[PDB]
Structure formats: structure tokens, C-alpha cells
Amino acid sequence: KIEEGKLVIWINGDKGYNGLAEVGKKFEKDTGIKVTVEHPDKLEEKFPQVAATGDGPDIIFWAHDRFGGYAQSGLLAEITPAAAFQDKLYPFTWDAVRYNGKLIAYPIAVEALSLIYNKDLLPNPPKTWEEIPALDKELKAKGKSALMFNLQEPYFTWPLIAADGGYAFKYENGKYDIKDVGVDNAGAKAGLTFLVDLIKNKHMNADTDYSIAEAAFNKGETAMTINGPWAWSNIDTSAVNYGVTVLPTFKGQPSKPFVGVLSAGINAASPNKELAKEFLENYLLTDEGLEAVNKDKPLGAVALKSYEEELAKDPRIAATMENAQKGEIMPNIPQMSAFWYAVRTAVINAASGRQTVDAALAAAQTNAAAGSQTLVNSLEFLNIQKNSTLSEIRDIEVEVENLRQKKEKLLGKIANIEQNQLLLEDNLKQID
């Protein structure tokens, strides 16, 4: 299971996992505990599968949006940093990781999507989505293309969907109404329609994913991309002159990225709970840990006031936080994965051309309205956790029965010894 005496850490393959593993060498070269940093596929879906059986990593890194489901499923340990540690991180980053009054993870860095443009194929990035087609017609005349970004994950297409009024769960009076879902409304329809019209007019391709878009931009084949800070590393080494700027407006309104706070939770099945705490607070969440990670793949606007006051002078970080301000902080409520799955389907099926935008989003709206899928999903993981726990109990009872069998055989040995002692003590009394 989760071997005790070591820390295993999961973080997504696009993050600075090699830089994080350097913070693991320091932990291992300093405290002797070994640290293994892995980047599995579909990490956010494997974690609850294995953690439900007491397996998985000690620490799981993901944006805070997924952690409310992990918590409701009972898979997360209680985070308990001291008030002294709390004043080192911006309070709004602690806000992202608070669910029903408990801190369910440590905030690390603030992520938001920005516009990234090739400084030499385009001297000024377009201020509006609406001008991007004309730019692409011109740019293709030179053998290049205007824009390429990942169309497979709704994270990347939502800023445009949300611009004119799309929303996940209505947020009002400080609370989300999970039956007021806004993926159906006219704003959402107009955004996805513009996107599918871009595809159908041959300005982008529905088959484009993350790898194809990064390859295309870093080779000077596309004028613009949409991505987070992690992507800056690979663009640096391509010797492309790139700028990071505000996302284009749509119908006169800013694109609204959903803002992620990359967070570290501690597996509820971890025996190394306090070892994990010390790693995060006194190794990761410091200038040298964060800088080691950050120089692998930039983290974005880190939550630690100490190192952030230094990264904030990067113009790319300001442009990140300006885009972040125009968007909305993602909810962390359990229904987010259900929301994300509904919107993922819609975008792929509308982009593929085999469903209309109107039909795709009407389906997604009703699906997302079924947010009581997360109750069934949490109950499922809890029923796996229970059966696994009963199984450990039965193993213990076999151990106890074996021991009990040895004991009974020893008591038998003693019974026979006592027979002898009675015999010899009578033999001795008669010599007397």
C-alpha cells in the first residue's frame, strides 16, 4: 500500500515535476526520507480510484476545483497549518482551498489562461476574438496560422463561452446554487458558436489538442496560443519571441478564464501525514522550493507572499493576474467534475460538427443539472472504502487466530509440565 517512511507525490505531467523532485532530493539529502514524484495520466481520476482502497500517493497536486469531491468522498486528510504559516500565503489563495470551514489542501500558485503571441508574425495581438478570422486569412497567405490551442479540454474554451454570459453554477450571496446552471443561456450559445464557426471556417481544427498546439506555436507555425504559465518553459527554449497578454474580448466583453489554485492535498490513507506536512510547509512552500519548481515550469502567481512579491515583477505574471481578475475563481464544490464532464462532451460534439451548438449545450445543461450524480459517486467510493476496510479487518482476525493457536499449544505444553510436576512431587513426598 502506501509504504510508510517515504513520501510519494503525484502532480500533472505539464507541471514542473522535475523541479519538484529536486525539492525531494533536498528532503532526502536532509531528512533521509525518500521522495518519489510521479506524473500519471488522468491523475485527477486515478487518485479517488486507488485512494478508495488505501492506495495512491501521500500528496496529490491538482487545481483546487477537484478537491471538494475528494473531500466529500472521504479521501483527504485534515490540513492543519499554524496561524504562523497562514500569514505567509495570500488569504484569497486559502479561500480557494476552504470547503465547509476546513482547509482541505495547501494552496501553491494561482493559474489563469493568457493570450500568448508570436512577437514576429504579429506585432500587436488582436484585442477582440472577432478580428481573429481576418488575421488568420492573412496569416495563412504566408504559410502560417493565426491561432491554435487545446480544443479537447473545456478549461481552454470556457473563457470564450463565459464571456457573453456563460456560467457554471450561479454565485450569489456568497453561495453557489447548483440548480441555477448557466451553460444553456444565450451567452454560452454565442461563445461556442463563434468557436465552432472558427473551426468550420478553417481557422482552427477540432482535432487540435495540447501537444499539437504547443508544437505548432513553438515552431513559428501559429501566431497565437492560449495557455497557462507552465507552457512558458518550452517556449523559452524554442527561441521564439513571445508575448503574454490579455485574452481577446468577445462581443465587447472580456474572456472569463476559470481561475485555478494549484493545491496539494494529503491522502486520507497516508501513514506519513506529518512527514507530508513538514515537506510542504518547510520545503515546498518556501522561496527555494517554489523557485526550484518555478524554474522547471513556472507556477504562476504563487501563494507565498515572500516569493510572490518577486515573481509579480514578471510582466507575464501581471498579464496572468490581469486575465485572472477578468475571470472567476473556480468553485471547489463536489459538482465540478460533473459540470466539467457535461461541458467537455458538448464542446467536442459541437466542434466535431455532428451536433448543433444549441443541442450540445441543451444536453450539457440538463446533465450539469443532474449534479446529484456526485452524491451517487461519493457513495460509490465510500462503499469501496468500507469493503476494503472490512477486508483488512478479516486479515487481522486471521493473524489473531494464528497467534491464538500458538498460545493454546503453549498452554498445552504447560498442562503436561504440570502433570509431571505433580508426579515428581508425590514421588518426592514418599522418599520423605
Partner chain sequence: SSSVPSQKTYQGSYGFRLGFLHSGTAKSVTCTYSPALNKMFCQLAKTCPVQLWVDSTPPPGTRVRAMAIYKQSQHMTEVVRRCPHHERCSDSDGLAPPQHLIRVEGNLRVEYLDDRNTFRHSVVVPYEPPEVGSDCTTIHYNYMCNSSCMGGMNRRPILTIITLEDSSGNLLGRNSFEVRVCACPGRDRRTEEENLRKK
Second form
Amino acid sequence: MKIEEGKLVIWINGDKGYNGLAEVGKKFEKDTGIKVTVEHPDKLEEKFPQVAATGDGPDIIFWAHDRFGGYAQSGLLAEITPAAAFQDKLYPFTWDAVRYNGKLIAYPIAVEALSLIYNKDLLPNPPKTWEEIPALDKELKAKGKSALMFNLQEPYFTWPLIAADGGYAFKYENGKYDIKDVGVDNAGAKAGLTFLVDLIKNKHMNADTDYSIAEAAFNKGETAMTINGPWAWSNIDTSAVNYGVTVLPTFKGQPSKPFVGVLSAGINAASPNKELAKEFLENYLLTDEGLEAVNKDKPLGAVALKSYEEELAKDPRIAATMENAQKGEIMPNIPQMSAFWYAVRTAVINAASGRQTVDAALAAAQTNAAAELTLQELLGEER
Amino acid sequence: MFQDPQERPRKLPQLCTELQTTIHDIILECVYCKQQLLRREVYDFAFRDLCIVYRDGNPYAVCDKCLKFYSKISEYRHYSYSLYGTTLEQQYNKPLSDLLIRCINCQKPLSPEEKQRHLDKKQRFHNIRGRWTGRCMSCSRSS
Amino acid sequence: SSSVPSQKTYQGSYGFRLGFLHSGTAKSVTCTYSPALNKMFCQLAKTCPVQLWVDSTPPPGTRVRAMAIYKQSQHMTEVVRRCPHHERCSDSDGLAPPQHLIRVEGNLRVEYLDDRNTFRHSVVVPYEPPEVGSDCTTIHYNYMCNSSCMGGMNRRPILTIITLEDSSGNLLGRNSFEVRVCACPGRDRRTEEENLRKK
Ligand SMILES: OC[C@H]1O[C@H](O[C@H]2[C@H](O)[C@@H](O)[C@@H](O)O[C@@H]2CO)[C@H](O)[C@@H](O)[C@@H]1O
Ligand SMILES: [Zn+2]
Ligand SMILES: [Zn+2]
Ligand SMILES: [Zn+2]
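Show the form deposited with its partner chain bound, please, the one above being the form solved without its partner chain.
Let's see the whole complex now, leading with the same chain.
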């Protein structure tokens, strides 16, 4: 077999705190003699299905729960079977995030949602509204600061604005998603995205701002506002840029509605170390001890483990996180989510540049994201 | 007739049985263009393992031209990526013979023989948002 | 006066339907299904995969029943039976009564019914949802006589009727397929499919 027996190889995203995870691995090694290697490869969410398909890859893959339906569907993931006693230690709704066609296909780790993070020193009073940002920008665009910088290359970051006034991915009803009912080219969708483009046609954010550019900018005090997740808080602490975490700005009347991710740990179907990986995840990572260790590197957000969550919930930033979360929506985990995300990332990039109108950018993504009813009936499958 | 969605035939041979007609004799309209199906198209519909579609309780089917036309449209919009057969076998840990692969052009489920040809000729399979597609023998060189 | 079981398609509340592998028509194949014919060709005692597809999950306690009936109307009332020869050849797996034509292999939750009113045989297993990485549930059936078995099916074609039912035996779903149990399923499927295009 391609995956080596008697070790654990874990893949987790670079923004997440692999050192703290690596530390939980150390404690595992020193107890069990089992070597644990933590890696953070680029384009993890893409690299994994590519190598796992060949029967290779990590024993354990971390990602938000939204990719996992596709992985499970492609046969890349083993069924997760926790004992009732363990299952009961985690919030039921986090288990729900990693249930797919009646089966658990990952361990939920922590609930993630974007918050508005602001420098009090530059803005003791953050705009609680999106519309008062072009005005507040040029106030600093001769100061000479930008008002707002956040990643513009990943639709995850722009999705709150585009969804605030009525955009949505797949319609949820009765416990099921209707893959034919997509809400990407509706009024509120085009609305939030035209607004976003009228921040770049108007020189108030640059079309090509990415995660790197935005994090530095905010952490070197050159912008007073940014949108980012709980993992970002560690590098802000070391920059000492005196910051607060708060409710995202409203667009028109509406709360800005981020897609909510549950960071999740899946077990590679081709791993000969499935029982090992369970041991490691249930008895080392998903413990007050384990999560704290990872959390101290990069904050996880609101952890699935009840006991530790109750400690973390006292934290005002976690309360902010969950306030944004309850205003947002849990991502679906269905296999069509990756196409949805590719279609929306394309539409947002092509409208911030100019190869398409907002209206035609979203017209195309809606088309590529929804299904054709009649051909699907002819084929006899909803795929 | 057939306006109970929880109780009408899915497949042509069962539709023929419930009409007490035969497949040689049944008359069917394409669901897209509404034209009547040619006899060879009726046969093709069965061999291609397609499903009877119902509009307003009436049973339709599909003609060759429309099938190919609306398939290509669906494929364009939902093409994900491509793989050689060898990776597919690793991925699902089964012989290709066990995976559902339809012809990208005519939608006929590929035979093991057609799947093998893909392997022998190093022809990739295409993933259409979860659907696996290849090319059958009759669509393998052009008509 | 005794009834013949319906073969009528019934998707029901959970959108029940059958599925099959595409196993081709090579002379070596032991089980192959023709969608054009809606017909399974298989060898005696070999594995015949039958896939169960639902649109929504049926409650646990749901059961899946298989039953053979003769396809030809003048034979429909005769109970499908193994021939005396095979019925008395000690070829039991330990679960199936030796007179049952249709067996389920690899499932200890299998039950065999001799219906006290109709005398028809059926084999039943609990419904289980698809495993991870599967979109359907597969039951492995075995047919324990040749279609030609004299004293048994006597070259008469049969239908296998699959029914989804609740714990009490109420009908949740039904589908069926013709079965021919023979020595060369590959060749027989090829033959009948060719004659289908000529008629
Ligand atoms: O931008 C699309 C992308 O969004 C989400 O990815 C998040 C991830 O959930 C976070 O934990 C963090 O790593 O930032 C990512 C965005 O760069 C989805 O989870 C992912 O599938 C999707 O492609
Ligand atoms: Zn047509
Ligand atoms: Zn073809
Ligand atoms: Zn016999």
C-alpha cells in the first residue's frame, strides 16, 4: 500500500496552526511510539482528491466540512464511527456538518466564520455598514490609508457581501439541498457584487488584493479594517495592532451572512491506519488538552468539544465569531459545492477585473452551478 | 394514465409492459423537440439504459439529435476534470467494469470492452460533476 | 383460486428503483444484465448483484424481498421451485431451505419464507442504506437452478420481483426483472439483444 502502515501523515491548511497540531502529534508519539507527520501543502483541498484517488495521500485530511461530501462521494473517505460516549462530547450540530447520506465522514473540530476585525487606534468606531465605507475610505485615501482590505481571490471572503441581500448557494428544504435551485444570479447577489466592483472601479480596494496583501496591510496598520477568521488572531496579537473582533457590516438593510465552515478531520479510505487515526483524533486531538494546544497556535473558533467550548465562549472574540455565524449559513457538504465555489470564484475575479459585467459574471456561474432537470431525469440520477 | 410519480414505469421495457404493447411497436415523442422517435431511436433508448420522462402525465423519451445536443450542453456546464482509466481503478478499488460510465456523446453505458479500449488506447475518461463519461465503440470514430 | 404477485413498478414515497452492473457479453461473464431486455443473464449459483436505489432513506425495519414468478401467463400461477434433483443435492449454505430458488449470499440477517397461503418462496433481508462512497445498496442474489432445469423451471422464463416493505409487510416499493439462468449468459444476452433489433 502507498500509505505507510504504523505512522500518521496529516494534512492541514497553512493558515491553521499545524505547529500546535504537530505538538499533539508529539505527545502521541511519545505515548505510543507512532510517528506523526503534519504537513500543510498548497492547494490542499485540490491536492488531496488528486493523490487520494491514486490510493495515496495523508492518513488524515483537515478542511472545512464543505469539501467532504465530494471526497466521500469519490470514495476517498472512510466512515467515521465514534462511540456514543465520545459522540456526546461534541455538539450534535457539528456532527450534522460532517454527516453525509446518513453516515459520519469526518470528525468536526471547530466552527469557523469570518468576523470584522478593526484597529481601534485608527477607527475606535467601525462602520457597522458597508455603504459608509467608500466615504470612510477616501477620508484615509489621502491620509494615506485604505479603509478596508481583505482577500479578494477567495469567494469565501466576498460571499458574505454577495449573500447579504438575498444571494445563496443551494436551496435547503426538509433536510435536503435542491441542486437545481441555485441563488447566485439573483437580485441580492448581483447587488452585493456590483457594490464590490464599485469599490474597485472607484479605486477604494484593489482588484488583486489577496490573503497575503490584506493580512500584512492590516497588521502593519495601513488599513484599519479587515475581514478574516479566528485563525488570523495570533498574527494580529504579535503585530500588537490594537484590534477588536465584531459583527460584520450590513449591506442595504441586511446582515452580511458569511458561509460557516466546520473544520473537520477526515480519514483517507486508502489508509491502513484508520484505527490509529481514530485513536489519535478522539483521544488526543479532540480533548481539552489537544484543542488548546492547536488553539494556542492559531485559534480554532468555537470548538466542537463542549467542555473546552464553554471555556472559550467567555472570550468576546468567540462570541463575535458565533454572532457572525448565526447571521450566516452553514455550508452544505454536498458534492456540487466545489463546482459552486469554482463558479463563484470565477465570477468574482472576472467582475473585479472587467472581462464580464457583474450581471454576466453571475449569469454564467449560476448556469454552471445548477443542474439541468430534463437531462437528469433522462439519465435517471441526480448528479 | 401516468400522473402518479410514485407509480409509473422508469424504463422503456416496463413502460411497454404496462401499455401491453411491445418495444417494436410503441410510439414515442422526444421530450425536448416533441418529434416522434424513429424505430431505431426507440431501440437505442432502451440499449442506452435511459429513463422515461413524464410531462403532464404523458410518457416521453428522447431523439438522438436532442440527446447529443442537450448532453453536450450539460457537459460543457459541468465538466470537472479528466483521468486515465488506471486512476479510476485505484480510486474506487474496482474494475472499470463495475463503475457506471456513460458515453459522453450518446449516453450508452460503456461495456467492459469499451472501457478496456480506453485503457489500451490511453483515452481519458471525463468527470461531469460526479458523472463518469467515456466514448462507446459507435462514437469512437466519427459519424 | 389463488393470486399471482404484481410485477408493476412502484417507486413509492422513497423513490425506489433497481440498478445493475454493466458486465458486457463476453463468454466468461457469470452475470450480466440487459437494460434493453430488462433481463438478467446469470449462471447457476453465481453472484448476481442487484442495486437498490432510493431518493430518500426508508426507516430502519424496512425489509427487501425477492420472489420469482413465471413470466408466461399460462404458468404464472405455478409456484417457482427448484427441481427435485437440485432440491435434494446437499448444496445448502446453512441458511436457505434447499427448495428455495433465490438465495441471498453474504448476509446473516437473511430470512426465507414459505408463504402458508400462496406457497410461494421468497428471500428477505433488512434494508441497509448505502455504505460511505456508495450511492446504492447492493444485494447479492444466487439462482439455484438453470432455467432449463427439468422438474423445475423447465425452460420457462421467470421474473424476479423485488419489493421494499415495512416491518409488517406493507408495500413501500416494487420493481422487477426477468431472469434467465443458463450456461453462457454472455452469449445468451448477445443473441437476444440482436434478435430484438430485427423484429
Ligand atoms: O474561497 C472558497 C473556499 O472557501 C472555504 O475555504 C476557507 C476555509 O473554509 C477556511 O478554513 C480558510 O482556510 O479559508 C478558506 C478560504 O480561502 C471553503 O471551505 C473551501 O472549500 C472553498 O474553496
Ligand atoms: Zn428531439
Ligand atoms: Zn456513444
Ligand atoms: Zn435444478
